[PDB]
Every structure is written in structure tokens, then in C-alpha cells.
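**Student:** Read off the chains here:
There are 4 protein chains.
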Amino acid sequence: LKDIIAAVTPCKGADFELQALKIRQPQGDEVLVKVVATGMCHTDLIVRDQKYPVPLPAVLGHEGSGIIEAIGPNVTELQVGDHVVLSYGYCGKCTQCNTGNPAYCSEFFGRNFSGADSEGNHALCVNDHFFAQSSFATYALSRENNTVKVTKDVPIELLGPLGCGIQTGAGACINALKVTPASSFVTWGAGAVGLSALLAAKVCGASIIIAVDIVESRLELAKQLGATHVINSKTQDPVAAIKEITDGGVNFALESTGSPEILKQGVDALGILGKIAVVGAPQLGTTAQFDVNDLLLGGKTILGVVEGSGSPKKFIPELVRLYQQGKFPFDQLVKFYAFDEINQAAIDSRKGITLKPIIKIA
Amino acid sequence: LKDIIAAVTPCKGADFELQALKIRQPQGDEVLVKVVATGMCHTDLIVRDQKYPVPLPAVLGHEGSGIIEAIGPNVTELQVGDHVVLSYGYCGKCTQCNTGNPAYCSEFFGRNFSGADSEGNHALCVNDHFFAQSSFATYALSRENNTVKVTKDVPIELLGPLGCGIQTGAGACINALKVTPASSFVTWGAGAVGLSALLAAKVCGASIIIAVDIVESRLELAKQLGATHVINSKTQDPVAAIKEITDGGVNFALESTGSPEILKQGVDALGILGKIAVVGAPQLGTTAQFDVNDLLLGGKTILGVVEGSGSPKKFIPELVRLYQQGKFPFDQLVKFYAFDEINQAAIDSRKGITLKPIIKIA
Amino acid sequence: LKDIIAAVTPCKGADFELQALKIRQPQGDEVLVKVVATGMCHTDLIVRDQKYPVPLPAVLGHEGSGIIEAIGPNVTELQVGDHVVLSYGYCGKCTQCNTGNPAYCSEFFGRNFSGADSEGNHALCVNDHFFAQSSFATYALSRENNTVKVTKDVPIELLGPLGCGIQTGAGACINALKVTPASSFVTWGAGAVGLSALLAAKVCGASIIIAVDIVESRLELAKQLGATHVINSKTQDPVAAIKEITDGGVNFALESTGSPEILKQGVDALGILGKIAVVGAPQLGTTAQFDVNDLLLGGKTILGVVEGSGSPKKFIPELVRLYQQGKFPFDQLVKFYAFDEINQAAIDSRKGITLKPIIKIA
Amino acid sequence: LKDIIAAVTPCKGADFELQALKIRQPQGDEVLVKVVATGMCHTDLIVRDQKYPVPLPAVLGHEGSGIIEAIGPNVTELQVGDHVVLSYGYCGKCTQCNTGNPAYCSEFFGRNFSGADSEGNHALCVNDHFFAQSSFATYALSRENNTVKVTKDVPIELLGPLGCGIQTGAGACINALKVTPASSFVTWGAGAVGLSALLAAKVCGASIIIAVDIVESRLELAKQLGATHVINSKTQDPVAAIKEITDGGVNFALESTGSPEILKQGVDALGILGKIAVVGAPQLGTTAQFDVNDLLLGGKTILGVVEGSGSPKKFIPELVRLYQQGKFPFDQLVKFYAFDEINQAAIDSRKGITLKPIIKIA
Ligand SMILES: NC(=O)c1ccc[n+]([C@@H]2O[C@H](COP(=O)([O-])OP(=O)(O)OC[C@H]3O[C@@H](n4cnc5c(N)ncnc54)[C@H](O)[C@@H]3O)[C@@H](O)[C@H]2O)c1
Ligand SMILES: NC(=O)c1ccc[n+]([C@@H]2O[C@H](COP(=O)([O-])OP(=O)(O)OC[C@H]3O[C@@H](n4cnc5c(N)ncnc54)[C@H](O)[C@@H]3O)[C@@H](O)[C@H]2O)c1
Ligand SMILES: NC(=O)c1ccc[n+]([C@@H]2O[C@H](COP(=O)([O-])OP(=O)(O)OC[C@H]3O[C@@H](n4cnc5c(N)ncnc54)[C@H](O)[C@@H]3O)[C@@H](O)[C@H]2O)c1
Ligand SMILES: NC(=O)c1ccc[n+]([C@@H]2O[C@H](COP(=O)([O-])OP(=O)(O)OC[C@H]3O[C@@H](n4cnc5c(N)ncnc54)[C@H](O)[C@@H]3O)[C@@H](O)[C@H]2O)c1
Ligand SMILES: [Zn+2]
Ligand SMILES: [Zn+2]
Ligand SMILES: [Zn+2]
Ligand SMILES: [Zn+2]
Ligand SMILES: [Zn+2]
Ligand SMILES: [Zn+2]
Ligand SMILES: [Zn+2]
Ligand SMILES: [Zn+2]
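Protein chains in written order, with our numbering: chain A, 1 to 362; chain B, 1 to 362; chain C, 1 to 362; chain D, 1 to 362.
Just so you know, not all the hints are guaranteed correct.
Identical copies go unnamed one by one, so any copy, or any two together, can satisfy a pair.
To be verified - In silico PhoX-like pairs for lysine-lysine, Cα to Cα no more than 25 Å straight-line:
1. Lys-223 / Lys-234
2. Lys-34 / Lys-335
3. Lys-264 / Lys-243
4. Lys-243 / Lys-152
5. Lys-264 / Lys-234
6. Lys-152 / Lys-93
7. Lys-93 / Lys-34
8. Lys-314 / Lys-178
9. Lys-93 / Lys-314
10. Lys-178 / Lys-223
11. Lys-234 / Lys-351
12. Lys-149 / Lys-243
13. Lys-360 / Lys-22
14. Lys-314 / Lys-243
15. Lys-178 / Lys-327
16. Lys-149 / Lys-335
17. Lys-243 / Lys-93
18. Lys-93 / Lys-149
19. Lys-152 / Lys-327
20. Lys-149 / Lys-314
In case anyone wonders, no lab produced these hints; they're calculated from the structure.
All chains should be built: construct the whole structure from the sequences, respecting the hints.
**Tutor:** Quick look at the structure:
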């Protein structure tokens, strides 16, 4: 086995602290990865604060990128030295995995959120296997189906975030909603998820692209990214503004705040036959409201989306190619921090000055 | 012009009373119909009680069938003597009508619910043009696009209800949801709309077909129509029953009670990637709730449906053909009343002994 | 009635000649248009040469734009003075028109190709009603459903071609094929139809955009319009080139030459699960070949497309909006000629120096 | 290792002969199956006659059913004693396998047709691994992803054929074409594949169900299975008959003869917007013809289909459930033979008296 450094979250709300640990060699179709850098997402934070019961203590991080250092014996599609992006955790044998919907895997809450493996064994010597990677560390063990080979022609430290927040936002528009050329789209919330979606609606051809938030600097960045219209929902009624701008209501929408009352607003601002995709979440158990009659008479659709609905092994490489061509500049949401500044990376994202932090590890 | 007898609804909640009135000859693409019989629907009742502002006084009825007596000059697809079913009111020139979605016509609330025509002119000499027919009368004026030619080989008095409640229920399953072979389906509410949907899921191939209600005799009829499972939601927790029966949650569902708290139940009982279509309505302005997280993690879809989403000129004849073949026995929901018993037809549907009344007029 | 000048095609292969004729006022839902300019298409030429039996003599032209001068009495969506684009001819009452497929109207060969109206009456005083417009004239009579209102903010002489060749090419990609973001597309033939499709695949997000032709200047223009790759099929094996460029075969394709042997090439160059749309036509009765096994084992799709499959009343305005935004520069295929140079406009398109001619009439 | 009996095909066209061989224990995610019975398909025959280059000598059979006798160590979804159906061979890691299209796996010709494994190793001690099973033997080795658990409540000897011919025919209608309620369908060729499709169109709700063949007894069985119309294409022009019966052309079709000239007939008999799925194959390299203009003006679709396009792990159990309910009586195509009568089973299928043979082995 091997010794490594990893950031541990010791208890409800505790700060990340660096600790010395050990990781074993890979078996079956497992992969041993040398981590270069790992993105930081809202979800790592909500788990520390236990608004989700991942058992503590544990090693979090779910947006890793690195270099393969060792493959197991049944590994056939990856070799030592490949550059990879580590995405969420799926079984690939159930009904949803066999029909091209891994995000809906009947083992989704157990492979990413349990805190362990299939038996209760941990691969780190302390709970691990978080989103099947536990990547706030120098070394990570993943599975072949969640390890995505990417090109060596792009700096590898910048691509971790594609395994979660960027695919989630871009995917909601491309795979789930399917925005069409010449249509109107709006993103509720202008964080890294929303702005990823805004960049993808640009790629789909939409003619009207709107962003709604409460922090002014996030609204200025949206506009610089190509939002045709920006709206401050603290100072303006957003429903009324969206309806006048789109002459009746928007064709496509994204809810990324997780706020219930903003979510009703989002269903109300849809036009006839409009669709709203739901990616943000409130506390376990919260409900939201919608006006019945307005949804039934408008023929409106309300739909739930996990990780953008695609197949990551297919979609992740498509986003890297769109970026190399100059059509999807997600590198503009990023700011790099040192490993010993990981607690400061959390703070900046919560106050809104940093859209997408990336913990440099190697 | 011509003299006729029609049932008038004089004020909030008043009883239908027979009155002598006059109807003019048809113009442009209008059609003059001799009514044989007209179905009765919940919606005629909710308009009398003004939970919807159709201006009173007026002639209601929106499920008519009859014989063409006179066509206007630009009428090209119908001739004197054809047997017809009079469906809802659409413009056929807007964006939704031109793309095959007439139920979503941008003039839907004005052609059926205004109480008049495009200018304010009434064709009956008193508000008319209700669902573009006003068919509780011996004579009705409709438009060519809402007048559907059907075969003379089936008694014409039995087909009126296809212009609304039967198409609504059958259409939600066939056109909107699209139930697939070997799947699980549930109808919340076992009235004429629900039982029409249940009969259509049988046609689509579903292997598990469930019906939930509170009146026992409606649950016995469902089962005799081929429900694999029936559930009384006064005596049993319906969510728990649906989840155990379908091993995790139903693939497809229909909400036809209009009750908000039953509607949350319906979203909760869906399985992974399930879909629930909404056709029943509460009072103008009411909202309903759903659990966020459960909808987002299950990839659930919630969708609004008006009149089954098809094109009636295409779908209505398809239902008559399925019926003649013996595959869609909607005649089992019907009971005939005389024109002078129209007030009693309302009472029986509200207490649940009569599923679908048909006022015989000729 | 009114006197006008129109170009007549007197016999198999005869030259257009200007003649003095008369046009009547509009009835029912008919529209009287003052023509500003009319595009020229390959199809006008093939009808003169009678590879299609439109009865001669007659007034052709099927890509008109103008100003409304008079509306009939049942016209409700257009007024005197609107600027319009005159598209093909559809009934709007049959099964295909009622489901959002007017291009497939069961009266398609009779409304555009018969040479007359529903009865045999001609509106021009000599066969007319060609594509329901006969627009190589100072005045044209159309129907409300084929007359598309557009903005007064764009010169009206440039938009006629949107009623046929530009919608055909752009529509095959947007409505029929549905090209997806990051995919590979190829257009066989780089004339106005192909290059319209190439511009639309740019709008849909495709990462690889290929054009194949035999005239070098058309290949240079494609590349300047944003083709990633161009291929001369006289000098290079195009199948082999397309397969190496897309690492196995293209995802989406368009056949616009009408040449059978090029069409087999097009099915062979598709990759697994690829799709090829057919818009070009050979002589009535010609067949084409495909390799069976390759289509069955690759899961390939071969599909027929008329006028881009959309709804023109919806799609035409979407293209004008994409153009105003700077995302669909179809004005680069155009060259203007005087009315008395109409015979020279035919010659230039047949030799390939002119992509899309526009006969200026007003 | 273990000793067994298996039928070997020694050379171009040789007869099956029983031989004594040996099979090894399973590794990784491999499965050791005790075979009860194996269906016989046209494809076993075409490989013996080498119209496809599977290297001889080898053990064929590709429609097996049996009992699990041993699982490898990474096997998680199957246990010793389960009853299974062995379907075709897929990788489950490529782009097509990850998006829910295993039939289109980029390793399809190598996993079923190579004659060996990934390296050239054979598991039988002589070429094996045929359709990843080689099931004309008492023991078979398969992979976990091609081994489908089914219920112990149905005799296991009857279900092998579901791993190929029955799924192919039923799947073309349910997954690939998607026949809709009240539509018209036709199957060209009334063998086990066609009649499986005919039984599935019954399940999808079609109102008109046609079967075309040249052997009279196969046409009598179709009709007894519920074909509304039967046609002998030796004695009647089938195009003309199909067009008059469906008033213009059929909505959906299946080509299962592999005959090119019958395949053009099939595209000609489609009605506006019709679709024809291609499952039968001619010799490697053969082409077929279609009329261009008729396909382009009708908006017709021609599509290639392998093994019914579904996901077998999902679809196979759906067919067994439809059968138990009494809605898909595929047991009527079957006749059982002894293992030592396997050469006679080939003869009877080629002369058409036996629709689907099943070699009883245990
Ligand atoms: N469903 C999935 O697969 C999935 C995966 C990724 C992220 N998540 C969730 O998606 C969300 C977005 O993540 P992110 O990285 O973009 O977070 P973020 O903090 O970067 O972005 C959210 C934005 O919402 C804005 N906001 C908050 N309250 C608001 C209000 N009342 N009105 C307007 N704007 C408001 C904030 O200003 C912020 O810019 C979080 O809920 C995250 O946990 C879901
Ligand atoms: N969206 C549309 O196009 C459209 C058109 C038709 C009907 N409507 C609406 O659809 C509904 C159905 O019409 P219908 O003719 O079938 O009415 P109905 O009265 O015949 O049927 C509704 C059924 O709901 C049941 N129900 C009521 N409360 C219940 C509860 N708490 N739990 C269980 N069951 C309960 C009743 O027992 C009854 O059988 C009405 O709301 C009607 O106005 C909508
Ligand atoms: N289906 C419909 O609705 C519809 C409507 C519009 C146009 N049409 C047909 O579509 C076609 C395209 O019209 P267009 O205006 O673009 O015509 P065009 O003459 O401008 O373009 C066709 C191109 O094909 C190229 N070509 C011809 N033979 C070739 C070969 N062997 N190899 C490579 N390239 C070759 C020519 O160089 C030319 O550039 C014509 O057949 C027209 O009649 C169909
Ligand atoms: N694409 C796939 O995944 C796949 C898998 C299974 C079967 N196959 C192929 O599908 C086909 C069907 O297999 P099957 O078991 O049903 O074979 P079969 O022999 O049982 O059936 C084919 C039928 O075609 C009929 N036929 C032959 N020539 C005819 C003609 N000219 N006119 C009319 N009828 C004619 C025969 O009478 C026979 O009944 C074969 O080509 C087989 O190899 C394809
Ligand atoms: Zn899974
Ligand atoms: Zn995340
Ligand atoms: Zn309308
Ligand atoms: Zn009604
Ligand atoms: Zn039509
Ligand atoms: Zn044209
Ligand atoms: Zn594969
Ligand atoms: Zn087979």
C-alpha cells in the first residue's frame, strides 16, 4: 500500500484539516489516480453541515482530475499515464444504467453518499468512496466506468469541475431540456451551474438568453458571457420582466437556487408549452408550490434533473472539444487556490466572489 | 332565420329551463347542425356555479352530436347530411394551431369561454358560442374546424362525449403521456375521464392498470373494465399500496380529481423516471405542493394537459374505429335522460351514480 | 380588375417573355400582393424543361416577397401594407396539415403543381397558381395560410428566397434531422440549398461541418461561410475522406444533388446510427441503391424531406430573426438582376456562378 | 475443467455431428450455464454455408436457456441456480453501450462473429464464443451482461428463442418503429421473426395488421394469430392490395425476407410519412433500390434494425411477462426436436413447416 495526504472533514461543520493516510492498490475494474487538482462545489459544503447524512469523519471532493498511476486487472479501456476526469458513481448493470440513464441508477444514493463500498469496506486507511472518488487528496481510487479519458492537449488542472457542476448545467440544456435554435431561455441563479447552462444555450442557438440573480457582480459576468438580458430579483419583479422580454413567457428554463418561492416564479414565467428543469435542492423534505390551472391551461412541463442527464463517458469529451474550439469558455468561472487554502475556498464561494474554486493538489 | 328550443342557465347556480329562441343561417366556414344528443360534463356544472366567469345568461352543453342541415359557402370538407361530433374551439392560424397543438391555441379562453364571437355578436337570439357550439339545443352553429365527420354505422346519439371527456382521458394516455407496452399506469379518480384513460392504457399494452377513488361502485366498474388493481383512498394509504404493487412506484399517471393533496400523492407514487399528467382542476388560483428532492433525484416529470393533447379531426375517428372493433367500450360509462330531465342529469353525476349522462334532444 | 406585367413560359423549354395580363380582386381568405422581388430556384427551370408536367403556358416564380395591397373578407391575420414572404401551397384542413406537417399535405401536388385552382379557374387573365403564387409578376394572389408577415426593418427584396430554397436547407437540419451540439454534419452539393443547411448546422452547434461539390468556387465560399472541411468529389474519394475526418463516418447528412450514385455514397459515409436527409430529386421515376447489410448493421436511417419539414408561419420568422442577430448570413448567396434579365438569371445558376438569383420587379 | 457433448460444424456446409469436448471454469464476470434447450435460427444456417465468415470448425447455437452452475468472482447480479436466457454479445463500455444501444456496440462483429475471445483464446477445448455463448451444448460460458435472469414459473426450455428471433421481431415494432394505437402495420415474410412482430403490433394497439408471404400454411397461422388481412405475393400484387386495404399505404412496416426486390415493394407500399424497418439480410455486399421522388415527396423513412434495438436485460423480462398474462403467445411458433435430430431441425425450417425449432439438450 501507499501513504498520502488528504483533507478530512471531522464533524458536523468542522474545517478541512490535512492528515496522513494510506491507500491500497486497485482491484477488479478499479483505477488508481494521481490527483493534479479537484474542483469545489456547493454540495461538498452542504455535506459538512450535514443537510445530507454522509457519515463523518470522511474525505470529500468530487470534482477531481489527475493521471493514471495504476489500473486493475479487468480494466480494458484505460492505461497508466492517461489524463482523466472523475465523474459521479454508477453501477452500469441496472435498468437505468442499461438504457442510457446512469444519473438515475437505482444505486445512486449508495455509490456516492453512503460513505463506503458495496460491503462497508473503506479503501482509505474514516469514510471514503464519496461520489466514488473522495478526491480532496493526492491519490484517489475510482472505477473504470466513472473514469473519463481526456486529451493531453489541455492543462489537466482545469478539467475536474466537468465531472459535476459544468456537466450539470450544460447537460440540463443540451440533454434534458433540449433548447432549440431561435428560442428563449432563462437561468434562475447565476452561479457556476447557471452560467454553465447559459454558455450551453448559446451553443444550442437560443436567440434570447436571460440570467436572474441577487449578486450584481455575477450578473455582470453573465452579460459578458453573452446573456442578452440580465435581471436583479431583489429590485425588479422577475416574472413580469421575463414575460415582457419574451412576449408572453420563456420557452425553456433552469432552476438552480434550490429556493422554493423562486421555483414557483420560474413555473409562472414559462410561456405556452414551456419547460422548466429543476437542478437546485432545498433541505431534505422541503416542498414547493405551483398554480394548477396555469400549468394545465399552458401545457407546462416541470422536470427533475440529476447531473445534466447524459452519459458522462460521451458528454464530458464533447464539452472539452467545444471548449478547444472556442465555443464554451467555462475557464472564465475559475479561480485557483493552494491545498492549504481549502477552507478559504469554501468561504469565497459562499459569499459569491468565487464562482468555481479549484484546489491545486499536485 | 329559424326558431328553436334550448336550455338556458339564467344566473349563478340557477337550474336549466327550456326557452324558445332563434338561430341564424351559417356564414363563411360555419356549420348549421341538427342536434341528436349532447353529453354532460363536470365543466358545464362548474360554469353555472361560476367557478369560471362565463357570462350569464347563456346556453351551455359542449358535448354535441347531430346531422348537418346547412354549410356556409367556404365549407369544403363537410356536406348536408353528414353525421358529426362537435369538439372544442380553436383558431387554426396561430403558432400552436399550425404546429399540431390546437388544444394550446393562443385563443383557447376566448373561443370557448368568452360567451360570444370574435366581435361580441351572438348567433343565438343571451350569451352563446360556448366551447364554440352551445349544444344544449335542437340546433347548433359550429365552425368547420371543430366539426368532425363520423361514420353513419354507429348510432349518432352515443358519440357527443367524444368531443370532450372521452378524448381527454384517452388522449392523456395515448398522445400526452404515451404509455408503453408492459408498463404500469394508475388513474387517480374513477369518473368518466379516468375510466376513459384506463380503457386507453389497456389499448397501449400496459401490464399493470390501477384505479384509485372514494366511491365503491366506481371502483367495481373499473375492475369490470379491466383494472388489474383497485384501491379505496379513504380506507387505505394509496401511495404505499401503489409502491408495493409496482415494486417501487408507477411508470405513468393521471390526476383527474382536481384535488391538490391527491396531486402531491400522485407525484410521490411515481417510480424512477415516472410521469404524471394533470387534467383535473381546482378553483382559479389554487396551488399544489410537491417534494423537491424526491422529484429531482427520481428524474420525475409533472405535466399539464388540455383535452388530451391531440388533433381531434384525427383522434376522434381513431377512437370510433377502436370502439367498432371491440377494443374501447366507452359505451359502458353512459346513461340516457330526456331533455326535460336535464337538471336530474346534473344531480346524478355529482352523487356518482352516473358516470356520463347524455341528454337526448331530437 | 387590374392590369399587370408577368413573365410567361410559353412551351417546353421556351425563354421567359414579358406579357401584359390581368388579375382579379381577392375573395374569401385570398391576398393581393404587390411584388418587390422574387427569388429564382432550380425547380422553376426543371418545370420549363418539363421534367415535371405543369401545363404550359404559365407564369412561374415561387420565391416572392412584396407588400399587401388588398385582403379578402375572411382574412383576419394580415392587413394592407404588411410586408410578406409567399411560401408553398397547403390546404390546412387535412390530416397532415392538422398535425403540424403542411409540407406533407395530401393536396401537395395539386396546390403547387396543377396549374390552376380547386375548380380549374385561373386568377390570371394561361395557367397560374404555381406554388400558390405564380410570382414572376408585378402582382400576385396568394392564400392567407401561405402569406407570411415579416418585419419592415429588413429590406423586403432580399427575403423571397426564404419561402423555398433557404427554408428547405436550413429546415432539413433544424426540423428534420435535428443536428445536435458537438456532432459531425456533411452537405452533399454546395448550391444555395446546401449552403443554407451548412449555415444552420453552424447554428445547431455541430463541431465538424463538411461540404462536398464539383465546382471549386462554391467550395471556396463554403469554407468562407465556416465549413471546417471542404472536398472536391471529382479529384478525391469523398467517402474515404469523410470517414477519416470523422473517425468512422458522419452523424448527420444532406443529399442535395439529386444524383443517385452520389446518394449511395452519402449512405455509405454515415457512421453508426447516422442519418441522411434526401432533398434533391432526379427525373420522375428514377431509383437509387444502398448496401443492405451496411445499413442494417450500422442502424442507419434514410429519410425523405419536403421544404425542410417545418411550419413556415413559425420557421420563416425564426430565420429572419437569426439573420438580424448576425447568426445566419444567407444574404451572402445572393445576386440581383433586372426583370428584363430573367433569362440570364437562369443561365448563371445553371453554370454555378450565381448561387441564388433575385429578380427585382418593383 | 469439465467434459461435455457439443454439436460441431466442421466445414463449409457440413452437418452438425456430436463430439466430446471440455469447458473451463468461469473468470471475472463470466458465467457457467447448464443448458436445458437452445433455439435454432436462420443465422446458424447461413454461417455453416459461410455466407458470413465465422471460422470453421466451431460450435454454433445462439438461442440458449439453462441454469446457472457457476458464477465468476466479479459477478454480482446473478447466483447459482438462477434460470437464464443467453442473448447476443456486447461490450457495455463503448459509446453505443453507454447510451442504451447495445445492439449497435462498436464491437458487435467481434463478440459474436469472430470465433473467439478478446485475445484469440477459446473457452472450449475449435472456434467458440459464437454470439458469446456457442449454445448447441450441454454447457455454455457466457458474460454477466448477456445472461438474463428469468422467472422459475415458466418451463425454461421454451425461452431460449427470446435471446434472438422473438426479441428481434417484437422489438422492431415496440422499440424501433414504435407502432401506435389505431394504426396500420404490415410484416413482409411470415416466419418466426415476422410473426413475433405481428404479435407485438397486436400489443401496441394497431387496428390493421397484415402479413405477406409465399407459403400458404404460414399465412394461415398468421391469421389464426390475429392478422386482420393476409396476402400471397406469388398470386397477388401485394403493393396494390396493401394500398387499397389501408386507403393509401401502410403507416408502419417490417422487411424480414432479406430479398431486395421485396424490399423496394415495401418502401412503395408505405403511405404518407410511413416507416419501414429492415431486419432481413441478403449476401454480404448486396444492394436494394428505392424510387427517389416517391420517398422524398411522401416523407418516407427507411431504417436499419439489429436485434430489435432494445436493451435485452430490460426487454426480455417484459416479453416473458406479456406472455404470462396471455397477451403474447409466441409458444405457438415452436416445435421441439431431440439433440440427435438437430440436422432435421435445419431441414424443416428451410422448407417452412417449422417456424421455430428448439433443440432439447438436458
Ligand atoms: N442536481 C444535481 O446533479 C446537482 C449537482 C450540482 C449542483 N447541485 C446543486 O445546484 C446548485 C447550484 O450549484 P452552484 O455551484 O452553481 O452554486 P453557487 O452558489 O455557485 O450558485 C447558486 C446561485 O444562486 C444565487 N441565489 C441564491 N439565492 C437566490 C435568490 N433568492 N434569488 C436569486 N439568486 C439566488 C446565488 O447568488 C448564487 O450565485 C446547488 O443547489 C447545488 O448543490 C445539483
Ligand atoms: N383539462 C381538460 O381538458 C378537462 C376536460 C374535461 C374534464 N376536465 C376536468 O377533469 C375532471 C374529471 O371530469 P369527470 O367527468 O371524469 O368528472 P367525474 O365527477 O365523473 O369524476 C371525478 C372523480 O373524482 C373522484 N374524486 C373526487 N374527490 C376525490 C378524492 N378526494 N379522492 C378520490 N377520488 C375523488 C369522484 O369520486 C369522481 O368519480 C373535472 O375536473 C373536469 O372539470 C378537464
Ligand atoms: N425537396 C424540396 O422541398 C426541394 C425544394 C428546393 C430545392 N429542391 C431541389 O433541391 C436541389 C438543390 O437546389 P439548389 O438551389 O441548391 O440548386 P443548385 O444548382 O444551386 O445546387 C446544387 C449543387 O449540386 C452540385 N452538383 C451537381 N452534380 C454534382 C455532383 N455529381 N457532385 C457534386 N456536386 C454536384 C452543383 O455544383 C450545385 O452547386 C434541386 O434538386 C432542387 O430542385 C428540393
Ligand atoms: N437483424 C437481426 O438482428 C436479425 C436477427 C434475426 C434474424 N435475422 C434475419 O431475419 C430473417 C428472418 O428470420 P426467420 O427466423 O423469421 O426466418 P424464416 O425462414 O423463419 O422466415 C422468413 C420467411 O420469409 C419468407 N420468404 C422468403 N422469400 C420470400 C419471398 N420472395 N416472398 C415472400 N416471403 C418470402 C419465407 O416463406 C419465410 O416464411 C433472416 O434473414 C435472419 O437471418 C436478422
Ligand atoms: Zn445502475
Ligand atoms: Zn457537485
Ligand atoms: Zn390557434
Ligand atoms: Zn368537458
Ligand atoms: Zn392539407
Ligand atoms: Zn424551390
Ligand atoms: Zn459496446
Ligand atoms: Zn438469430
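**Student:** Work down the list of hints and note, for each, if the structure agrees.
**Tutor:** Hint check:
| no. | hint | in the structure |
| --- | --- | --- |
| 1 | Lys-223 / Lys-234 | within (18 Å within a copy, 47 Å between copies) |
| 2 | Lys-34 / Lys-335 | within (21 Å within a copy, 59 Å between copies) |
| 3 | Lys-264 / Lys-243 | within (15 Å within a copy, 28 Å between copies) |
| 4 | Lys-243 / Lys-152 | between (46 Å within a copy, 24 Å between copies) |
| 5 | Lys-264 / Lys-234 | within (16 Å within a copy, 30 Å between copies) |
| 6 | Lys-152 / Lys-93 | between (30 Å within a copy, 22 Å between copies) |
| 7 | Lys-93 / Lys-34 | between (28 Å within a copy, 23 Å between copies) |
| 8 | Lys-314 / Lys-178 | both (16 Å within a copy, 19 Å between copies) |
| 9 | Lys-93 / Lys-314 | both (18 Å within a copy, 11 Å between copies) |
| 10 | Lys-178 / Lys-223 | within (22 Å within a copy, 28 Å between copies) |
| 11 | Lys-234 / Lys-351 | within (17 Å within a copy, 49 Å between copies) |
| 12 | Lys-149 / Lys-243 | between (43 Å within a copy, 23 Å between copies) |
| 13 | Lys-360 / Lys-22 | within (20 Å within a copy, 55 Å between copies) |
| 14 | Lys-314 / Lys-243 | between (36 Å within a copy, 20 Å between copies) |
| 15 | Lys-178 / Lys-327 | both (18 Å within a copy, 19 Å between copies) |
| 16 | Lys-149 / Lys-335 | within (24 Å within a copy, 49 Å between copies) |
| 17 | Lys-243 / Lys-93 | between (45 Å within a copy, 23 Å between copies) |
| 18 | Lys-93 / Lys-149 | both (21 Å within a copy, 13 Å between copies) |
| 19 | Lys-152 / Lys-327 | within (19 Å within a copy, 33 Å between copies) |
| 20 | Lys-149 / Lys-314 | within (10 Å within a copy, 29 Å between copies) |
Against the hints set out earlier in the document, no violation occurs for any number.
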